Amino acid sequence: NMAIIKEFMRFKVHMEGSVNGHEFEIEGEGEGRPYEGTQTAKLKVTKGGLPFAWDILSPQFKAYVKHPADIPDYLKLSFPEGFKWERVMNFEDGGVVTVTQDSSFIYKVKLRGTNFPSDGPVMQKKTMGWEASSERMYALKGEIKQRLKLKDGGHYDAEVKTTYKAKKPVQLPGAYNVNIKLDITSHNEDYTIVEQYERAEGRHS
Amino acid sequence: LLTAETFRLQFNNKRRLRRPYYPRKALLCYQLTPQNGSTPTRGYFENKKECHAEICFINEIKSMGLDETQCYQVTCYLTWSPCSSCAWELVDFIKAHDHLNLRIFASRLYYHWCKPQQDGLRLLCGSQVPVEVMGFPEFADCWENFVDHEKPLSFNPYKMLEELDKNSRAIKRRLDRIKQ
RNA sequence: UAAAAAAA
RNA sequence: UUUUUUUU
Ligand SMILES: [Zn+2]
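For the record, the sequence lines run as chains D and A.
Heads up: the first sequence runs through residues 4 to 52, 54 to 65, 70 to 112, 118 to 151, 156 to 222, numbered per the deposited numbering.
Heads up: the second sequence runs through residues 3 to 182, numbered per the deposited numbering.
Wrong hints could be hidden among the right ones.
[What the hints assert, rightly or not] Covered by chain D, per the in silico footprint, the following chain A stretches (three or more residues, Cβ under 8 Å): (1) 135–142; (2) 155–165.
[To be verified] Computed far set for chain D versus chain A, every beta-carbon distance over 10 Å: (3) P80; (4) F87; (5) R149; (6) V177; (7) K198.
FYI, nobody ran anything at the bench for these hints, they're computed from the structure.
We treat Cβ as the ideally placed atom computed from N, Cα and C, and that holds for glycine.
Work out the full structure: start from the sequences and follow the hints.
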């Protein structure tokens, strides 16, 4: 595993999405250190240049989580075959986001967002980035009560449920919780060129 | 309890520094890790009024209340490498406490480029304390641990990644050639 | 007046 | 934080 997964690795990602009927595509390249839990990604919009908040796309970028040596790294062992994951995000105002993704690095993403209110914080871009959220893990399932910061105060809550399934059976770990922090490092006025940074570290429950 | 800007203002130190000229001071970051009941303590010490942060942190460990029973693996990520005399104070304080094991990781090899501060830190890496300069993890460790990683971000998300790598690439080879 | 690199 | 050397 460590001989093929070097301490510095790059990836390429292709996403096809459709939000409220508006279709688009996104091409990106990134780089990071999988064993240290840091990664950066540069994205470019290739079609439809976006009428919605970019923050709903950031939580979709997981193979770069730092794992202790005595904790089996379930996601790293899935390579070179890769894995898949499917995510459903239900926002409190009726917005729904369904995402499917295959990772082989080459990432292929298919995204469908529907039922977002025209006056809601997503379509009106009243969000201020995601708060820190501890996702408890126990295929692999993950549930998040995610909170989106609002410009005028308060939070915009959403229920997220994601299933991660490796293409090759490996040893499953015990109970643990991952602390994750994502940051938007740079973006233009219309969010057509975005760079993202991610830190992720697992801990015992 | 540090600022995200102050991190790169004091830890990031290139061969040819930034646009303001020599606006740099010395910091220390002690991470005492009692493994007995897994009860860690942390703290930063600025280079205070004519008392180097090494002596300040020694006196802090002194007047904080030790427990002579168990052993402590204390890590210490400091911006500027300790000088000659306080390194000897450090090794004399470590010789009196056999239940202490210290790791020293510096960001820049700060010294007066004379002879005394050369062997002043060569005794540490050869007698009690494995002393090497920082790399990627110890910066990333000290980044979120000591410097507050809270809600705001003072436009330093990953700019260190290239500067941390430059500092590693140069000064780690420098410190290895010194230890050799 | 900027900046890349190396030696003690 | 003070010196020496090469290049654009
Ligand atoms: Zn000193």
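Cross-check of the supplied hints:
For the segment 135–142 of chain A, the stated coverage by chain D is satisfied: 3 residues place a CB nearer than 8 Å to a CB of that chain, which reaches the threshold of 3. Residue count for the segment 155–165 of chain A with a Cβ under 8 Å from a Cβ of chain D: 4. That meets the three needed, and the coverage hint holds. The beta carbon of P80(D) is kept farther than 10 Å from every beta carbon of chain A, the shortest such distance being approximately 21 Å. Residue placement check: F87(D) keeps its beta carbon more than 10 Å from all beta carbons of chain A (closest about 22 Å).
At roughly 20 Å, the least C-beta separation between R149(D) and chain A is larger than 10 Å, which holds for a residue marked as non-interface. For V177(D), the shortest C-beta to C-beta distance to chain A comes to about 20 Å, beyond the 10 Å cut-off, and the non-interface label holds. Here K198(D) does not stay apart from chain A, with its beta-carbon only about 7 Å from theirs, under the 10 Å limit.
Hint 7 from the list above is the single one not met by this structure.
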